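The other protein chains are all here in position, but one chain of the complex has been omitted.
Each chain gets a letter, A and B, in the order it is written, and its residues are counted from 1.
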Amino acid sequence: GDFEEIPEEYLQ
Amino acid sequence: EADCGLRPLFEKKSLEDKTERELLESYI
Partner (left out) sequence: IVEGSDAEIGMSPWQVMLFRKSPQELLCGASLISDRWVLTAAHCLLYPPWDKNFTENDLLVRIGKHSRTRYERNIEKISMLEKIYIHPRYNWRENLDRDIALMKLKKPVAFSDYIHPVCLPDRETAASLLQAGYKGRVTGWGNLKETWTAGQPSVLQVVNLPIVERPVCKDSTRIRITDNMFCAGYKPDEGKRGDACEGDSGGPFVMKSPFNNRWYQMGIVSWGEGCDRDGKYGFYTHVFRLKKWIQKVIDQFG
């Protein structure tokens, strides 16, 4: 929760 | 690369960062 979520496109 | 190690916001503009001079002064 410390880090802002990154765009989902980089986790696909 | 041919352009390595030259920072767009510093060397490329002839601007110095706040502490690079400390490095230079140590190179005696």
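Odds and ends about this structure:
The rule is simple: a residue touches a chain if its C-beta (ideal position, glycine included) is under 8 Å from a C-beta of that chain, and two chains touch if they have at least 3 such contacts.
In terms of the touch definition stated at the top, the absent chain reaches A, B within the entire complex. The chain not shown here touches chain A at positions 2-7, 10-11. Chain B meets the missing chain through residues 1, 3-11, 17-20, 22-24, 26-28.
We take it that only the chains that are shown with their structure count from here on.
The geometric centre of chain A is 33 Å away from that of chain B, both derived from CA atoms.
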